[PDB]
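Could you put together the complete structure from these sequences and hints?
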Amino acid sequence: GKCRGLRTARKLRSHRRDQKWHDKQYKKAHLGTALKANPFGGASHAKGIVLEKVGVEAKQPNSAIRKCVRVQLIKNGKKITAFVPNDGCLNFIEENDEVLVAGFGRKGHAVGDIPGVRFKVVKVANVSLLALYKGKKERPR
Amino acid sequence: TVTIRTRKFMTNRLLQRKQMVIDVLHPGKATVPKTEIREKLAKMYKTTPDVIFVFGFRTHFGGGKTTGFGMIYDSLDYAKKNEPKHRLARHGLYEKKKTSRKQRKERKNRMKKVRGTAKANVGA
Amino acid sequence: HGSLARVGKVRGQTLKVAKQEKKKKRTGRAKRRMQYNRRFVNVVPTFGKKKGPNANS
Amino acid sequence: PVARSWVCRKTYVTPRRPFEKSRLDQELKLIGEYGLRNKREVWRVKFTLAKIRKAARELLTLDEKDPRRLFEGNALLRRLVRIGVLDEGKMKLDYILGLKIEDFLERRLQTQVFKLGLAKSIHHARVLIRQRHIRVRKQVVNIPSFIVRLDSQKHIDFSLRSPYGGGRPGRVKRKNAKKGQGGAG
RNA sequence: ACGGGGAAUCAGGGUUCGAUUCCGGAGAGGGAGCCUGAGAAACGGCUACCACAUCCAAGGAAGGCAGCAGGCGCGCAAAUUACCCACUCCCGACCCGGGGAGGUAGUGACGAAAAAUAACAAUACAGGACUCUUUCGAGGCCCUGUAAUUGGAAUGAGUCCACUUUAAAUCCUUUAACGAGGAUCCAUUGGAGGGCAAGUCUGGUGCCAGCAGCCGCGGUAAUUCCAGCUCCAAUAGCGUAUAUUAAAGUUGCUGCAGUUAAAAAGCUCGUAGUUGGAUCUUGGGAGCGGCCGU
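Protein chains in written order, with the deposited numbering: chain Y, 2 to 142; chain Z, 4 to 127; chain f, 76 to 132; chain K, 2 to 186.
Note that these hints are calculated values from the structure, not bench results. Keep in mind that the hints are not guaranteed to be accurate.
[Unchecked claim] A few chain K residues that face chain f, going by a derived Cβ cut-off under 10 Å, partial list only:
| hint | residue |
| --- | --- |
| 1 | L37 |
| 2 | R38 |
| 3 | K40 |
| 4 | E42 |
| 5 | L119 |
| 6 | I123 |
| 7 | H124 |
| 8 | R127 |
All residues carry an ideal CB built from backbone N, CA and C; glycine is no exception.
Structure follows, in structure tokens:
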């Protein structure tokens with residue numbers, strides 16, 4: 002602190018109050034703009050409907066094709082490219098399927114090789130994509 | 004070898020009864036039925052078994068000992084007077100109506116629809 | 076290379092081996108005992124360096 | 002609005018680094034020595050000691066001959082002494098900090114049932130507790146956490162009801178004796 | 001954003017949460033007006049309007065679950081159209097009636113507590129005490145560990161008579177009888193390049209498929225993908241996404257920084273704000289312990 006007056010409580014509090022806005026992690030949480038522009042509307046997960054299956058070219062170094070899924074969210078009507086996890090799990094996603102969709106892990110930031118894809122597909126037609134991959138549940142059709 | 008030591012013994016002249024916490028030793032065999040404890044407490048306190056009401060037994064873990072609460076009234080005319088109706092009914096000397104509260108309430112709300120003597124002609 | 080057509084390529088084309096028959100692993104304190112026996116009661120002071128449990132150099 | 006308690010608290014804390022080799026292999030040294038079943042049984046003891054050891058730190062800040070300290074301190078000392086962890090010779094609360102996890106593991110029923118020699122191992126001891134063969138002052142104790150009061154140590158023996166005592170002989174013997182007379186004819 | 005008592009985290013300071021069982025407030029689809037009464041601007045009262053919606057012989061009538069269940073819808077997201085006034089209390093003219101208030105079961109891995117999933121011996125074996133031997137080897141009186149080796153002794157998961165429980169039941173506790181060798185009465189969940197505990201093993205793929213919080217792995221000896229064996233970690237739980245706390249001395253009062261890493265106004269005056277020099281009583285009187293103490 003740069004005012005050690007005994008009667009300086011408000012300058013020290015009112016400075017700190019003003020300088021907390023220059024923090025990212027604070028400015029984000031304490032404005033509507035981060036919580037509005039969030040496609041999930043501040044929710045953890047979100048059910049949406051697959052409208053196409055999309056190949057996304059991996060980043061500069063490594064070079065695969067990352068199989069993601071273009072999603073119309075129910076609650077918002079908003080557009081999302083959400084990644085599909087492990088080997089050969091895009092074979093489990095028929096078009097126009099209700100998929101439960103979570104974040105990727107970095108609180109709405111793009112992960113690894115996948116440019117501007119912040120989401121993974123968790124369940125497809127209310128059946129878990131780990132259970133389909135392990136073959137425990139069979140896809141109800 | 005089923006033994007009964009009584010405990011917290013108290014004489015309520017204002018409900019006309021003895022009351023005591025009943026410690027029952029029964030090592031080897033099960034929780035002994037209330038009837039047997041009632042007969043075994045009658046011969047203990049020099050009374051008839053009919054004016055005794057002995058309930059709420061919780062057998063200690065391991066099970067060589069249980070604890071219930073007991074009452075010995077002076078007369079059956081006192082017993083039947085100042086005893087809760089469910090604990091009389093366990094001795095087969097009280098009967099309550101079979102009709103559930105769902106029937107009584109649907110009757111009550113149908114009886115409010117009609118006024119006067121028509122209130123009798125709800126249940127047939 | 077590889078469009079949407081190559082999905083589940085490598086998962087498909089592995090010689091699918093069925094699991095071996097195991098005497099089932101003991102669970103609870105029977106296991107923690109067995110772990111304690113593998114480490115602190117049996118083994119000897121070794122020349123140079125002590126090896127890892129899964130070690131197969 | 003209901004007549005329920007709700008009051009409940011954790012009895013352990015998970016350690017900050019989940020893979021300290023030095024900790025992982027000192028807590029398995031504890032589990033082997035004293036025949037516990039998971040690291041929760043160790044973090045449970047460590048947490049009780051840490052709460053005791055927190056309360057002690059709190060009383061040593063206070064001035065000597067403080068009424069709250071003298072009352073609270075003696076109350077803590079007579080408790081640790083009563084369970085056989087600390088000594089009557091050493092009941093002074095700067096010794097409470099010089100006190101560790103083996104002192105509490107020694108007083109749990111599993112280890113007393115073993116170190117009285119009416120069990121064959123620490124793992125056999127849990128079996129004898131779990132299978133309700135042992136008692137403490139005519140009370141059959143199912144549970145090996147049971148910390149033994151210092152006065153209540155000598156009254157650990159078999160149950161009167163168990164076949165190890167003068168009890169009704171068990172299921173396997175009685176079936177093998179009935180099969181033995183079904184085998185003889 | 002109902003407030004608070006409080007909750008989480010936590011060296012010391014803090015930060016975040018508090019719709020949520022106690023207190024106080026507010027509202028009964030939205031506004032508004034009022035009757036009765038001690039007490040209401042009441043909604044399980046009434047009167048309109050607005051919105052919505054029911055019945056209709058089309059003239060009319062009836063409605064208010066943010067009470068208990070239950071239904072639709074909305075969603076990532078939340079249970080039975082159960083039994084009971086016996087407990088707790090409340091209401092009434094009332095020892096007697098009534099109470100979806102409340103209690104009891106049902107659903108319930110929100111979460112918390114305890115705590116099974118084997119123990120013990122005889123053997124093969126191996127490592128470590130000893131007489132002894134250069135080495136081998138001998139003995140096992142002593143130990144300790146592993147083999148779907150064998151052997152009885154165990155006790156409850158379950159099955160289940162009875163009592164107990166209780167308004168009547170249930171569960172628990174007690175207790176006849178059954179109830180275990182692959183103890184098949186079968187422990188998962190995630191990992192095994194580094195951070196980070198644990199394979200430079202084998203088979204497949206060949207910058208593909210995929211993994212990968214980050215750094216990275218994948219183009220023909222892949223420690224990272226897909227599997228097998230193996231090993232590790234937590235364990236009846238374990239992973240994931242998101243808010244949030246510590247870690248963050250990366251919001252800094254404690255406690256940060258500002259020549260060059262981000263940063264001192266171009267410079268000065270200047271009012272509120274903040275901070276502000278030194279100085280105003282001391283010596284002894286009374287008493288104790290061994291010059292100093294109360």
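Going through the numbered hints above, which ones does this structure break? Give me the numbers in ascending order.
Those not satisfied come down to hint 5.
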